[PDB]
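Accompanying notes for the structure given below.
This view holds just a subset of the chains, kept in their places.
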């Protein structure tokens, strides 16, 4: 097991959802340094050190020390970085056709998320590695309908829509990123 | 084979925060979050109800410290610590994820139905207080259903006739958050069962 310290990884995408959404709602989750710490945890051996999160821990230790009137493990490597970018439509498109009286159509869009992870040495402060990974986010819509006349009338509609969970894609990106960092570390080795 | 625990464990939880960065869309107020700010209550009541575990407050800590100031003053008696700390946050929220619906209209009786699913994710981390090492962590995800059903009639006589009926249901996102945090707490409690920490 190797002790890894990670404090914060930002959303540097600087992006927000368009209308109808609230102009306050980010296009990307604020959750990394959770995603990342659990990615390091689940890829074990790595032993995540918290530091989120550090203030509370320090308070708790203050309470402990107060109750009695005993040390805190460090990390030789630190992971840093942020969420590099988000956009759309990137690649997007769709088709459709309507004949009397049955129409049908379909649409799709792709999005991009990029992430940067950096392994930095704690002793020398040198950056031992850094990587950019980018996943893509699918969205699609399918519709079919029927408009027919008799005389009286008839009509019908069916439809389905899917959005890949940006949070899941982020998780994917940070995981493949950690895989890459570990792999890169194997040729170092530091281990 | 067989596992076994021993006794109650004091757990301190300060903030489990909303890292979703999300807010409801229009018509809603752009200030209204898509997700409750209420965890570190949901979680604290999960730990209280999942006993044996003993939540240590710390929300919440300052008011207590003040009250202790009043006590110490009025008399002119220590404060128990927690050996584990739970942390984490609400990892994410989105929509439509999966969504869709169908409908049909024949003269003169129409009907239709629609539905949407949403997702919320939560992260819980058990961290050791002495060494500051993270002992465990889990990501959990619930989904949030919404659906609408409508039926109607347009008919001519000569005179005329029409009618409408409809029903809608939205799963309570707060309940879904709670459900998620329960799933996470169950997961953590078993991992500790195989450890044991106890």
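A and B label the chains in the order they appear, each numbered from 1.
What we mean here is this: a residue touches a chain if its C-beta (ideal position, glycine included) is under 8 Å from a C-beta of that chain, and two chains touch if they have at least 3 such contacts.
Colleague: Assuming the complex is a homo-oligomer with 2 chains given explicitly, what is its full copy count?
Modeller: All together, the file's complex is an assembly of 9 copies.
By definition in this document, only the chains that are shown with their structure count from here on.
Colleague: Between subunit A and subunit B, what is the gap in Å from one C-alpha centre to the other?
Modeller: 20
Colleague: What residues of subunit B sit close enough to touch subunit A in their complex?
Modeller: Counting only subunit B, the residues touching subunit A are 12, 14-15, 19-26, 28-32, 34, 58, 61, 78-82, 85, 87-107, 112, 119, 121, 123, 125, 127, 129-134, 136-139.
Colleague: Using the touch definition up top, name the residues of subunit A that touch subunit B in the complex.
Modeller: Subunit A reaches subunit B through residues 3, 11, 19-26, 28-31, 34-35, 37-38, 41, 47-50, 52-53, 56-57, 59-61, 63-64, 66-67, 70-73, 150, 152-163, 165-167, 170-171.
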